[PDB]
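First, one chain by itself in structure tokens, the form solved without this ligand.
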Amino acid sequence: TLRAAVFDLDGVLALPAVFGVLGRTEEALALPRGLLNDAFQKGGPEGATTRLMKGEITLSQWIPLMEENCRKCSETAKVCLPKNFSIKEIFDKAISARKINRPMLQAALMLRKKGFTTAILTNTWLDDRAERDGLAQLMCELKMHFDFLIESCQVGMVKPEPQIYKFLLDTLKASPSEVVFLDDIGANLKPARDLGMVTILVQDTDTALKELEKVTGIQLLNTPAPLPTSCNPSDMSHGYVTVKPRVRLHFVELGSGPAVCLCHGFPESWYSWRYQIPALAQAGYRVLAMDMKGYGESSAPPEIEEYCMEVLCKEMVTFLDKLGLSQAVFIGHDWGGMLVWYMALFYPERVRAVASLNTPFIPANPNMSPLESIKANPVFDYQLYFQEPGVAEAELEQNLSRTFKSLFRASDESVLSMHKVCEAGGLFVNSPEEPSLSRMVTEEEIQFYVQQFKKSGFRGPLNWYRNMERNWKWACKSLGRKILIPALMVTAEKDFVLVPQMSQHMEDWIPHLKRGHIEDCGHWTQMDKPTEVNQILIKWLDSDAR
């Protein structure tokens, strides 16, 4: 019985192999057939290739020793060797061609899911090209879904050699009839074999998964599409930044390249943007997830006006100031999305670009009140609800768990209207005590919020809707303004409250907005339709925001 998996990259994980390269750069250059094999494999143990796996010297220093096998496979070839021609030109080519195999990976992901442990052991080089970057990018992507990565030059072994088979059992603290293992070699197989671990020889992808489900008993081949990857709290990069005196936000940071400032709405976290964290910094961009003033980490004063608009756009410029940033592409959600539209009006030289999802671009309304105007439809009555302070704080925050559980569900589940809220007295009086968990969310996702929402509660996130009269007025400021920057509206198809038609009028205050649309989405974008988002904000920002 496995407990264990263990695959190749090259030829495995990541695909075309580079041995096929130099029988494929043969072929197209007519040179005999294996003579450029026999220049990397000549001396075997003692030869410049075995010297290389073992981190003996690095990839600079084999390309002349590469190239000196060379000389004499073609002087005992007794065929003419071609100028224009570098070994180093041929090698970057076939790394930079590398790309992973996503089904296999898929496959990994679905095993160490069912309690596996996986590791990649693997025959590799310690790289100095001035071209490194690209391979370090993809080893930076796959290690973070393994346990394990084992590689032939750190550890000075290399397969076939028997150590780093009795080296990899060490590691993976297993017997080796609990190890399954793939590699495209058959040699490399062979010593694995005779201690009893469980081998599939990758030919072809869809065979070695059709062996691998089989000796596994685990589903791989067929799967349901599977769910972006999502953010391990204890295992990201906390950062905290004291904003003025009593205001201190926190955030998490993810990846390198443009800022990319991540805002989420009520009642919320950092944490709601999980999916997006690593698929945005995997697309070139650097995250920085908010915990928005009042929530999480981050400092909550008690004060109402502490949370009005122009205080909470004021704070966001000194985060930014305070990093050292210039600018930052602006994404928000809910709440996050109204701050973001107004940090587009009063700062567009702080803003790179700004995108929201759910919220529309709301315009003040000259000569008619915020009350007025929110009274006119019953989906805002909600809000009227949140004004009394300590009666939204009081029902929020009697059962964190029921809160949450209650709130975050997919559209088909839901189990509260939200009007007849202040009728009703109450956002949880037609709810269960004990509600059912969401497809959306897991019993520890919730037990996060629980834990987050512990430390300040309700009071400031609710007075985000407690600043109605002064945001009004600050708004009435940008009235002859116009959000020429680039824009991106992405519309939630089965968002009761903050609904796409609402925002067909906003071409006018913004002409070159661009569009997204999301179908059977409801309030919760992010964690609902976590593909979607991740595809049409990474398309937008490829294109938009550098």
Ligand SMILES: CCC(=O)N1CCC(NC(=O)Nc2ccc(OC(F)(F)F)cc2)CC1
Second form
Protein chains: 2
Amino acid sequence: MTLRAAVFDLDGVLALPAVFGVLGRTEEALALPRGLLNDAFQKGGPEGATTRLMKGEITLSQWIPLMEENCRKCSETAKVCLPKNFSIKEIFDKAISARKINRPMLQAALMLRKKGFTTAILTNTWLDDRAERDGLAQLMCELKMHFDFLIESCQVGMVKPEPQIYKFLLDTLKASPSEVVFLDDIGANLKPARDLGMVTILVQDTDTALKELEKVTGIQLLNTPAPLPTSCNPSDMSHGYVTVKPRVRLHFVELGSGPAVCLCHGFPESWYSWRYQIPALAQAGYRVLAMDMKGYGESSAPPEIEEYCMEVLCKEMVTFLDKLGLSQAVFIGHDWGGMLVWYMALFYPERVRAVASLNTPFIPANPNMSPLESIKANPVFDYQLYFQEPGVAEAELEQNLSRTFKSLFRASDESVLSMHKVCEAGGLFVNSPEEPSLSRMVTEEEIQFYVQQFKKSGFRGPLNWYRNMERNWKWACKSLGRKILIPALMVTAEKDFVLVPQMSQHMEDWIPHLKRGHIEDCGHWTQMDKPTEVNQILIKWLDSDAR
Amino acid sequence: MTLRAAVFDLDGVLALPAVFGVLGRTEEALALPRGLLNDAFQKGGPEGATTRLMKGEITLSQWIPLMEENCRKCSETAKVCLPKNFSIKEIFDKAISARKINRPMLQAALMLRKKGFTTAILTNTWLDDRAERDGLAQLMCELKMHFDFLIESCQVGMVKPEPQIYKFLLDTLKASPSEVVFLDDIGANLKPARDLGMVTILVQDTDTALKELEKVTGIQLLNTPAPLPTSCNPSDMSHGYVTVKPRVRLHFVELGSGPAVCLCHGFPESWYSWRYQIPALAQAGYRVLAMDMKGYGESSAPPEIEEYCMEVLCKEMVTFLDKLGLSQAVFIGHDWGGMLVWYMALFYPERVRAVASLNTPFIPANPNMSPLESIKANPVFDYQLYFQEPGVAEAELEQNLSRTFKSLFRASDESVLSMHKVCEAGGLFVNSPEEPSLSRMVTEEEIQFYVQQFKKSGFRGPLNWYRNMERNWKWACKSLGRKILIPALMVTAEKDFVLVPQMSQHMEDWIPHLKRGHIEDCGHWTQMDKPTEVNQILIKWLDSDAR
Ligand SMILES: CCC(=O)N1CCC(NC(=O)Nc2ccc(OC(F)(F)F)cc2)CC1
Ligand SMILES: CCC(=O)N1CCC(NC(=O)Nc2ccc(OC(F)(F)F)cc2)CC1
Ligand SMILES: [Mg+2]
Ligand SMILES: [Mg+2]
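Could you output the structure for the form deposited with this ligand bound, given that the previous block was the form solved without this ligand?
All chains and molecules follow, beginning with the one already shown.
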């Protein structure tokens, strides 16, 4: 009163259904004396097998037989048989995976952390060495990244409801009994909290629990809006660096395990533009590698225009796989990244497990008509022309990097950048403000992140991507006999007024088994505009087509 | 005359059995008119489906039906039926995977490169988009890393035996017809080489081919000794960096895909100490992550002694997985790394898919007797005592880093470092030479690599590993109730006179399903002493126990 810390039980609070509640169904299922299992589990109390397990004295595999023993003699003093195929191991395997994250609680945890609460899990638990231990390990990873602390009984050598562990909790939280909330499904584990003077909640059904927590903290926790996906903190990410050419080195951030997925951002962005997708796809069972594309961030940024034609760009990505020892990867790209991704499927399909683009359609080059012509053809591409002259587009873009991104990164219903008559107007920003408002799509902090990156090498490199029209076209014409017959998803964005969804309308001709996806009310900056639906669409497709 | 370049055909030279020789067996198998298939394949010559495919005009999946068509009309003008279940796709899938690397040829390539030949593959081949394309992709990766150039018909848009492609070959090799050798299974593809004035070899059986090559180059290629495994070039590796604590960042090198395998080196080494294992395990189907352990290389090296007790070391590696999104990894370690690896299995088994140590046994702490005592107990551990006093062991080790490694890294039958009476002698090197000879185990270059790394942070950090005896013991005693019941391999080295194989003799008591492995004539520096047998033993065990 008032609080600034929130502590969560695992079994039956952050994870449901609890293992003790499978313990119980088992009895009913097999017509066992009510509580037989539980008798054998709690057996010996503080000096028995189960407690030793929770303190890390012995392992779960070690405990299994001691439990089965106790079940014998619990069922001896009760005078009853034991079923043909009785396995404490099978019962506990089922229970342990049956248990999933309790989403609303986790969200509640997130909320409170977001408003500056120190969050911690206090959980009686064991050193798991069963052959199927990896599942609980996954669970525990997913959770722990969202908390300041994961205090586990077997790691600390103390157990709930033993006071020592609470003194240790307070100790770890650098906070006082009256500044802390502790929720648990077990009254016994609450009484101690109380005696130090802690706010406590007996977590029965989750919704009432949240009601108490809501009240006593004064923050809306129930019924609050759909929260964004998890976003990366750059300094907590694995940063990878692969040189692919004497003086070109590509950097990327990597997270997760399973089939390699290579994310490729558009102009003028950064691996950070995939912050919402990195955790989600990792969590869905993949190994995300989010690029700094050539010209950006910590990836190299050589001046020469040719060093950014699609061909050299693509060979380089091949090399990238080569040097990481990856025979393939599923390639997902957006804006410029999309185009490349398609051209990877067209030229190196043996290396592409699957291809995917957000917004960017696949258009075949017109062998007759040039591309400078084809671009002047549609007025909404005028900005492309303005970018041709080395040095002009950079001067403007670099002059106030904050202004620039603040001006670029806006939701469909927010715009400040018309894209037509830019050459004539004489600037991308000729008639946009010096200090633009902050979009709904990005915290001030997220903008500053991009500003830092772009101080490294400016816009020369990025703008060169637009400066190989004639070359890319010539190269592209080599592929005019081919089709894309590998798994490909196309993902159009209703309100992207430059990569318009109609531009993809014939893509099936060259990509006949193409699968589509589409986002209402979503602008050009797909990833940060609609991160949830992007994750849903992509994860879905990955699972269906990348296995 | 004399040559300095060697060019290899793929199908039927670097890879056997050739696809054309499965083409043939098929005919016999199904009682087809001799050459029916081949007629339909070569059909249309330079203007037919097959050539278009080799030039990259169309894809393999695109070609499949045109081929089946030609087979129809080849078998129409021949007046014959076609089998119930006729599939050009099935025949070519079988053939394409049936084909493996022809080892002796590849070795021959390696040799010649090792003596300063420019090596290249010139191969008629296709853009592979079949659903089972990944296999050929793997093959092609394995090969290409060992060559200066992989010139592929469909990538270049030219084909063997068209002169253009040879002009392009010479062009790419920056060399002249008379400085080049070209081997092929097809006479037609040789005649052109000849006309420019190239040395050529009709590759029939591999051994005669090598005989001609041997002669005309003047280097022994047949019958030469067992060549070492592939070693890493550090600048061609993916370098990863993960901060795990405010001012500690761990670096590692990463290669391959599949189940994560985390390599952990000993004192005083580097991820480079696994150079022979990195490629091999990657090639065997794994994702190697070779560490710079805390205190070494590009990993951080904080001064405090406590920052290197096993516990903080282990939590850090847990964090390491956490931040890379890996729920588990198989941990393999050597020397000090081994010990840690065991203590990871003991404390965090949910995170260890499997454990493995080279030389380092698992010994449980003696709860009664201290560890400083236990160490003075055996004379061959005297060096450990000498390392206790901060600053003394460093001064010696850092004074001439070349001398130091040159003195440390020696095969069993080479030694210059006795390890007993070091305190009394007053130095590790008190009676070893200023300029030691180069071991058989390491090129001058490989030594300099270590010297560079150790200029970063000296030996303070590394020596601290030896300086937490009392702490590690106290921690270790918490685990005295446990056993290791997860897959564990122990790998003893006959002639390691400090981590002696007998020291492991009771390990089965605490690790009951423990699997062993053993290396004759192999010293302390296992990895570089016996890299082949190490790869064989570890890959074997990984495949049996890490799946
Ligand atoms: C067929 C069209 C195609 O594949 N293209 C590749 C990707 C496409 N991308 C862009 O132009 N992106 C973009 C356009 C404008 C923009 O804002 C600003 F920079 F202000 F012009 C930011 C990004 C350029 C054309
Ligand atoms: C139970 C023994 C054990 O687990 N230990 C962990 C690993 C072991 N390692 C070493 O002492 N390695 C080693 C010893 C000596 C050495 O050469 C030199 F540094 F000169 F002394 C280089 C390396 C130290 C003791
Ligand atoms: Mg609970
Ligand atoms: Mg051939």
